[PDB]
Each structure stands twice: as C-alpha cells, then as structure tokens.
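Novice: Each chain is listed here by its residues.
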Amino acid sequence: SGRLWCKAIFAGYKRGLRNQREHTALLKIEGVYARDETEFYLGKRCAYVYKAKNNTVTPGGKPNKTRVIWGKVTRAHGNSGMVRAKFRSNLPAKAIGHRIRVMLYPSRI
Amino acid sequence: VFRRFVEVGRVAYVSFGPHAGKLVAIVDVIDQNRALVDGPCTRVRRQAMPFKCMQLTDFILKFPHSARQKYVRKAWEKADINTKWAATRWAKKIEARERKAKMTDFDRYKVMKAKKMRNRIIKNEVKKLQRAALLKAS
Amino acid sequence: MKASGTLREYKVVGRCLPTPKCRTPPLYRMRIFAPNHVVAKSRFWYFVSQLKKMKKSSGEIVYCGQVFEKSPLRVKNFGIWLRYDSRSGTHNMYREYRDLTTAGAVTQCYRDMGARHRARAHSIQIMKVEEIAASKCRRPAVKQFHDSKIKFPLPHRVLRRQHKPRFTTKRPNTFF
Amino acid sequence: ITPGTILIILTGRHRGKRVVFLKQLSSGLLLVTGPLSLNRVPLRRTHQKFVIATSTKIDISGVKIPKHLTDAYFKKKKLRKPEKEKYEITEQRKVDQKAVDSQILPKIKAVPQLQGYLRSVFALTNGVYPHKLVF
Amino acid sequence: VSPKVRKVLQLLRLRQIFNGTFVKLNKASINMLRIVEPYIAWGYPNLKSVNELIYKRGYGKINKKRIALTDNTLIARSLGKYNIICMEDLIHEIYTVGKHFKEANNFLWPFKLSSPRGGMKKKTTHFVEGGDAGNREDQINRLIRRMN
Amino acid sequence: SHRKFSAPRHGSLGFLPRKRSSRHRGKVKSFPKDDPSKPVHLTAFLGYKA
Amino acid sequence: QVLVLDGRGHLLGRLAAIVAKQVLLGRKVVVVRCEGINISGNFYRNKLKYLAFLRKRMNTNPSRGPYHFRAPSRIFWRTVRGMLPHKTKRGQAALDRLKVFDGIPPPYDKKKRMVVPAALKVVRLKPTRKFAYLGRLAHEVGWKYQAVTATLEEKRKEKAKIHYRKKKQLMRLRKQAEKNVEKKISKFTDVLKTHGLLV
RNA sequence: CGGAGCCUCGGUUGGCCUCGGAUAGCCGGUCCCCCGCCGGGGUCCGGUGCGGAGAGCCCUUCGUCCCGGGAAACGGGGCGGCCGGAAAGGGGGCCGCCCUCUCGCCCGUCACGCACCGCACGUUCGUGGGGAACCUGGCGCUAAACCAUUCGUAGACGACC
RNA sequence: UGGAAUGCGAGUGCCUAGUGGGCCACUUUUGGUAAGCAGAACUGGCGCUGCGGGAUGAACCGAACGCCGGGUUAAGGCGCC
Ligand SMILES: [Mg+2]
Ligand SMILES: [Mg+2]
Ligand SMILES: [Mg+2]
Ligand SMILES: [Mg+2]
Ligand SMILES: [Mg+2]
Ligand SMILES: [Mg+2]
Ligand SMILES: [Mg+2]
Ligand SMILES: [Mg+2]
Ligand SMILES: [Mg+2]
Ligand SMILES: [Mg+2]
Ligand SMILES: [Mg+2]
Ligand SMILES: [Mg+2]
Ligand SMILES: [Mg+2]
Ligand SMILES: [Mg+2]
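Residue numbers (the deposited numbering), protein chains in the order written: chain f, 2 to 110; chain M, 2 to 139; chain S, 1 to 176; chain E, 147 to 228, 239 to 291; chain F, 100 to 247; chain w, 2 to 51; chain O, 5 to 203.
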C-alpha cells in the first residue's frame, strides 16, 4: 500500500483582477512547472478531501468524518504548469493553500 | 585562469536549442554573441549560433577560418572527435542521465532491489573498518 | 513602418501608368527592407513619391519579390548609409555590422538605431547597403573581429536556467 | 495493452497491484489474472481506463484461455437480503484459476525477478511524478 | 462612430464587430472602403477562404430570415432563376464574381465570425504600420483561418 | 501663520509619558560596562533618604 | 515539510517575492542569516532609503506607527509582508507560515539550507555593480546585536567544520569499503550502471 | 509515573542529522615536506557543464509457510551506566547486561490468505491537539491571591507603598 | 437592355409628454499673461450608462448590458500583492 495520487495545491479561482469565476479552480501540481508537462494530467480526477463534525457514509466502508468534492483537470493555465479544474460544487475559499488530490485515472497511458 | 577558448576549430557541445545534445565546430566568429558553426559529422548544417547555447569542450580542430564544410568534416574524422567525445566523462554522464530517464517501472524495481543489497554490504564493511580504526587508536 | 521580427529584402519595380503622351513609362526599381511584401509595396510608394511625381493612384507595382541572400553561409561586413529624424533635426549616418544576410544586417540597424538614438523605424530611411571588405571597414567594433587567430573565453557565465530547480541545495558556478 | 502486458490496477480493493493482462472481453472490460498465488488477484475483470499499462510484457501466445471465461461468467450474482448474504468462491472458479495460472506462472518465472515484481505494490513517493517516468 | 463612417459600414452590412462580407471591387466600392479604413480589415480571399466561409458559416437570407444552408433546395428556391442551384454554384458565383454576384452575395447573410484566435496586433492602426486596419491583401486569408 | 515671537517649548519630550512609575524601587537601567582588568567589585547599593 | 532558506548572497526584494509566493501556496518557510542578505546599489544610497523610511511617523503620535524595525530579519520580514495581502485573513495566515532569523539558531543550524538561484546576487547582478549588506545597513540604523550574532555565528561555523571533517572521514571509509567488497557487489553495481545510477 | 472508551478540532498521506564559501574560479585526495593545539600551508595526483551530482541521496511495505544458494558471523531485538548539547540546550553514539533469535536483507523452490464476482473518502503522521469523565496501581504535595482591616513614601475614584 | 455601385419596404395623418441651466474631448477657433477661465464650428461623448483597462476618477482607452455553460478576444497586461 502507498499513495496513488499526485499532490496539488488549490492556488485560487479563475479571475481577472476584480472579477472572480468560482466555477473554475487553478491547481498547482507538484513537479509540473511548465505548460508542456501538464498534458499527462488533463482530464484526470481531482479530489478535495476534508473532514467534518458529523459522520457520513463511505462507499465500500462504514461511516466516518471524511468528505470529498470531486472534479477533474480540464485544461492547462499559463506557461508554468498550472491546470484549470472543475468540481461538482465550487470549492470553498477556506481550501486555498491546501491539498487537492489528483488521481492517476482516467488513464490514457 | 581560463582554459577553454572560443576559437576557430573549438568543438562545442550544444546544450539547448534545436540542435541540443550535438557537437559543432566553431568555423568563424561573427560578433560578440554569435559564431558560425558546423556539424558535418553530427548532423548540423553550417549556420549562425549564439554562444549562449554552447558549452566549450576541450577539443580543438585545425582548419582555417571559414574553410568550407569539406575540410571541417575532414579534420573532424582525422581527430576521431566522435569516439573521443564518447570516451570523455562528460559524454558518459550524459548517457547515465538518459539511461535513468528511460527506466521502466520494472527496471526501477530491479534497481531498488540491487541497491538494497549493495548498500547493506557496503554498510557492513564500513562498520568493520570503523571498529578496526578504534583498535589502532586504543 | 514597424520593424517587426526580422526584415526581408524586397525588389520592388513600379512605373507611372501609361498614357497617350508616354505609352511606355520607364521602370523604377528600389531595394526595400520590410517585414512583409504588403509593407514593402507601401514603402516603395513612399519613396518614389519623394523622388518622382508619382503615387499609388497614378502608377503601379510591376514586380514585388524577395531578394534571397546570395551567400548566407559567409560572414560579411555591411556598411549602411541612412538618414533619420532626431527630436531636433535630421542626420545622415554611416554604420557597420557583421552578419550572414543583408536583411539581417538591416534588422540589426533598426534595433541599434532604436537602442542608441531612440529612433523609431518610421523616422529611418535606409539609403544604401553595401557589403564592405575587411580593409575598408571603419568602426573598431567591426574591425576587432578581423583576426584570423581570434580567441577569447566566456567569463562569468550567468545561470540562465534559474527556475529549474527554483530551490536548490548548491550555489551555481559561473566558471566554465 | 497487448496480451501478457503487466498492468497496474488503480481502483478497488486491489489498487496498486501488478497483474497480467490476458484478453479483452466482448463487453470491452479487460480479463486479468494476478496470478492468485503472486498477489492474490484472481481471474477478474477490469476497466482499461483504470489501469496503467507498463512496458513489461510476457509472451502468453501459447496460453489457452478457456472459451467459457466470458462476460456472463464474471457478472455479479444477486444476493437477497430479507441477515446478510456472503459471496462464495464456486468450485468451478477455483478449477478455472488453476487452468490459466498453471500456464502463465511458469512463463512469469522465465523472466528473472518478475515474480517478485508482481508481488510488490505500486506507490508514489517523494519526488516521483507520473509525467516524468516511463511505465 | 462618425456619421459618414457609420453610414458606409451599414451599406456594407457590417453592423457588428467581426462581421464579414464579400465586396466586389471597383472605383465606387474601393473608395467606400477608404472611408471606413480604420474600422475594417480587408483583403483578397482565395478559393479556400470562400469555400470555408460559405460551408462552415454560410447562412441564407430567405424571406428576411437567417436560414442555415443545410440543403441545396434552399439555394435553388431563391437563386435558381440565375442558374444557382447548389453550394458549388454559389461559391463559383462569389469567387469568380459572376454576372449575378450582387444577387448571390446579398442572399448570403453577413458572416458572423468569432474573435481572432491568437489575438490581434493592434486594431487601432493600419496593417502596414504593424496593426490590423486597412487593406492587407492576400494576408486576409491568414486572418480568416483564425476567425472562421 | 508662523508664531509671532519665538520661545522654547515647555518641558522635555524626552521624559514622556508623565505617568506614575510602575516600580517603587529605582531600577538600574544600565550597569557600568564591565572592565575585566579591574578587580571584582559591586556596582550599586540601596539607601534610604534620611 | 518546511523549506529552510539561507539568506547569504541573496537580493532582498527577489527572495521576498519568491518567499511570499511560497507561503501563499501554504508552504512553511524559514529564512536564516537575514543579515547576510544583500541589496543592489551602493551602501550609502541604501542607507539613505532607510533613513527616509525612518522619517515617516505619525506627526501627532509616533507611537502609533509606522514601526521601523532595525533587525535585518524583521526588515526582511516586513519586506515579505509588503508583497502579501496582509490585511485579509488569507494573507495573515501566509505571514504566519514564515519565520525569519538573524544568524542560524537551533534547530536549523543542524539542517540543510536551500538557496534560490533566481535571487542570488552572483546570478542576478553584474559583478561590477555595487551592493549593500543588510547587516551593516541594520547595524547603522539602530540594530544592536551585530557583534553577538557574529560571535555566535563564529561558534556555529567552528562546530560545523568539526561535523564536516567527521563527514569527509565517513566518505573516505565508504570509498575504501567499496574497494574491499568490490567482488561481492560487482553484480549489484552492474545493475546500477546499466540504468544510469552509477557512472 | 504507568486501560477501555466518549466527544471535539483539524490539516497531513516517507526521510534527508548541518563545511565554510569562491564565482576572472572551485572540489576531493596526497601530509613524502613545512608549521600548531588530530588542524593549517606547500608539493603532487585526480575530477570541474559540479557524479564525493539536490539533474542528488537514504528507506522502500502484500503477509506467511517449506527447503536451497549467496550475504552476515566484527550480527539483529531487548534492561543499567560515563562524556556529550545553552542562540530558542540531545528518546544520538559509546560501554556493560542476565536476557533475546538465528528470520530479518538478495536470488530461487513451495504452496496458502475473503479470490468479497470492473468502480469513490483507500494507504501514514496516529498512542495527533483539546475537553470531560469512568476506571486502575506506584511515589509524592498540603498554597496563595483578592476583599476586609491598617499605612501615607500614595491618591479624583481605582491603583500604589 | 427600369439605363452607375452599394444597401434598405415605404408613404402618410391625428393626438402628444418631458425639455427649453448643460458640460466634456480630437481637430479648427475669439478674448485673455493664463486659468479645472469666458465664447464659437464639426463630430463624438457624459448627462440618461453599466462593464474590461487607466491603482484611484462623470468624459480617457476598449466595448455598450436579457439569465447562463464552453471557447476566443479588445484596450491593457504577465517579480509578489
Ligand atoms: Mg489559447
Ligand atoms: Mg480614438
Ligand atoms: Mg521662526
Ligand atoms: Mg530608540
Ligand atoms: Mg485521513
Ligand atoms: Mg430651468
Ligand atoms: Mg468653455
Ligand atoms: Mg462657467
Ligand atoms: Mg439633469
Ligand atoms: Mg443617448
Ligand atoms: Mg458609456
Ligand atoms: Mg493613473
Ligand atoms: Mg464566458
Ligand atoms: Mg495589473
């Protein structure tokens, strides 16, 4: 057993300087520091995993305090390897600067 | 202090650009920033190339400045710069860099096993040497 | 005119439109250095208009075509005669450059005239471009490269890959 | 993904294990075997979108896969709950596992250290980035 | 927009940004384009540009409505009296400027083109100055590829 | 406008705040700088105002 | 977990911009030897820049700010704060992820220090240009612990040298050990060479 | 100092235990020669697009069983002591011990484990931080502060002596 | 052979509110030393108008607005904010 996701940071939302589009998040992925290396990650699942006070169900498991918002990498962003991600619900702004899992599926390799 | 010089015949390793990883010979110096280089035996057309994308090697060919390609190719073969380059530690380090880059997942597993046993054998030997060093002082 | 990218050399031939008085007007030819042919044609009309009672309406372009460098693998010295408008007058200049192509030497002139005299390309008129033998070149910057045994090192090489890695354990070396 | 390729399962209880690809079923799901003795993955279906196909391939061209290992063979069988009902490994499945394992397993052991490779479980570690490495 | 430019842009049917039309050139029309010079990019299209402009973005003005040209019967019912019965006849009447260029061309609704992918240089100055306005001749085709 | 005739300001701004001392016993803010060459000695003492 | 940077030979404003962007991405950062930092431009014109900063003060109550910290670490700390949205909860959390030090106190003195080549003076300045030292700058605008920080730094480097000679000796034995067991590890060495891990 | 759980708060999903530094220069060996309280300088030998490389290194985990071949034997695990650390101090190493196993590592043989029938929050840091309690044994501790009263070195009242 | 091009459906009649302090910019321009001054022409604006950019701003630059998803742009930008 071991890790099976890549470490990404929730850098922020899509925005100009005075307008913020919260339906799209900008992810900084560890080791991806150019636009030419982001190709592997496009379309990959993304999981914002967090914990809450109340228990919740678990697929193939018993209830616990872990919750997740799913998403996926939709496209690259800029020249330094950021990717745009969309989630089934907009990420809460308390999640800026925290971990966003990037899975290794759907696999194209 | 300096040892390697930009001069007619100096063989330079191209580090980045369209011809990265290849050897060229400085055929002429255009100005402060560019040189006319040639790669007859390494697949580089005679062209202008900035010094920034060059790293000087220790090899110097002997041909006149601006001598046409027939003679840059001729001097390259006489000196066998191709086998001399692959004999340098510099070439081997480049080779070691890409052998590692192409390691398949199974290969990585086999290195992790081999490294595991090699490291233990060396460590156990290092321990014995240290103990013997204790007796000599004592 | 904008000196965008590397300029090209164009051969532009034009004439007055034929009329009953002069059914066969003479053909005028100019050397035009421009980004693209559309700009090349426009500049042609800007120059012949200065030298002849001619403009686009009363004349036509007979031929526009790039002039390829004849010895692109040879190193040459180019003398450029140009006039340009400064903030307080017009001045004729003569400048020298080393290149492989004549158009490359003219492009060096536009960057150079912009750098040293804050001259925008709309105020520069290249009058003449001549390849010059090493013995006739005047500018010491060009002449110092006329040394069959030229040799020089590359001191204090500055690390240009400064963000790969962005954080490193070892300080860069500048001596090679 | 060609027959004999070593795949990496990315999902399910078997995530991370390295299996041997046999064939693509008519429904398009992949048929793989652990083998059971090396990593405890039986003849099992899996989606190609959830496997990383490595460059490690074994030659199983001479392996005879039973014609009856089809999609309906692996389809889950409903279990009623009125307490709980548990899954029982049918005796046929065990016989089937040996038929395929007894051929592929000796072919695994022809490649040195391959069996140890298929015993180990894939994982990401410090400084290891998928976009950089070759599988 | 100044009153004289605003009228000329309406006669060309370019009432919106990145709208496109074909214009057959002559002393009358070339001088109109000079008036609206700062407001238009124009040039000479090639056979491929006429093709792709009319196939991807070709809409007919049928009974004063914008109907996509999804069938040949659409062209034949309106321009059939001029022997124009298919998209290929329409492309030939446009590209070669036939005797019925006017009818076939007014039938085509002004092409609604997207923003130029890859950006512009400078929409506020002429093409020959390094901008985008005015006549760029055959270079219009490069623009059409990125906007169509 | 400027004040007509000049005059030095009243009081020193160097003794602010003009508040009640937080300590009753005088505190030695700075002891004399130690000179190692000198023999060991004390540098302060407490007396009462008779 | 933590990113420990060494302040010697870095240009003040360039390190802060990089350090500011790291803490805004949620990364803890420690910068040591903030007195070793450099600023481009001769020393006198850098001194003048700070002395002008010292003149800024609320005319009616100087105790209300600005606060003119004299320690090199706090100067650098205030410079990183200048590049953050420090009046929002988000930027204050980022500012808590930064620790700045004069000298190298424990536990970072026994840990490896990274450098930022994009802020290094050797990389970013022309060799002829003049530059200042944040330490001398700090010492001459009221900083009071230049000598003690250097005196303690002298002790640290002395110990580090002892540790290093211990490390060089362990390397000599490693090379000698590899020769002794060269026979037993030949097969394992080949695997490493075949895949580039040994050259 | 040494058992179960109950809440609550979270983020995290291997570790790098360190020369000083130069950058028109470096690094490592060599101490045969010169100085010092093993360290420094010289000579010489090697590297220098840093390979004694952070482009790096270390650790690497499916578990068990059976018998082999390499590796170890100066070995792994585990109760008592002496140096050692102060800028914001070390669950490192060293010596004993009575114990404790020849398995830990590498390549093979041998087969087995819920093989849960394609599917998510999996995998650590985790005896995490904080709050209540319930137990359960060992060794210990039995104070101040504020009010009130008094003083006047103090004082609008608080405060202060 | 509806006699240039281009574009567009036109014509016509009653009843009619608010307004009748304006102000600004390119260019032209009168008075004045000049003025964020007073007075004109043309066009376009603000007024009545949000929106991206010019840190900030009636007018500048871009572009004008039904409630949305995707893509691409303008003017402007890309050390960190
Ligand atoms: Mg794009
Ligand atoms: Mg304008
Ligand atoms: Mg006075
Ligand atoms: Mg003070
Ligand atoms: Mg967790
Ligand atoms: Mg009124
Ligand atoms: Mg006025
Ligand atoms: Mg007025
Ligand atoms: Mg009003
Ligand atoms: Mg209006
Ligand atoms: Mg508006
Ligand atoms: Mg402004
Ligand atoms: Mg949109
Ligand atoms: Mg900005």
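By construction, these hints were calculated from the structure, which means they are not laboratory data.
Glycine is no exception: its CB is placed at the ideal position from the N, C-alpha and C atoms.
Warning: the hint list may mix true and false statements.
[As the list claims (entries may be wrong)] Distance windows between CB atoms, simulated:
no. : chain 1 : residue 1 : chain 2 : residue 2 : range
1   : M       : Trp91     : F       : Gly218    : 40 to 48 Å
2   : F       : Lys221    : S       : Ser86     : 19 to 27 Å
3   : f       : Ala96     : F       : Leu124    : 56 to 64 Å
4   : w       : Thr44     : O       : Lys32     : 30 to 38 Å
5   : S       : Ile132    : M       : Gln56     : 31 to 39 Å
6   : S       : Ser123    : O       : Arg140    : 47 to 55 Å
7   : E       : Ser207    : f       : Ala94     : 31 to 39 Å
[Stated by the list, open to error] Some chain O residues close to chain S (C-beta under 8 Å, calculated; not the full set):
no. : residue
8   : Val6
9   : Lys116
10  : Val119
11  : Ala122
12  : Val126
13  : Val127
14  : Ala151
15  : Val152
16  : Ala154
17  : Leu156
Novice: Hints numbered earlier in the text: which of these fail when held up against the supplied structure?
Specialist: 4, 7, 8, 14, 15, 16 and 17
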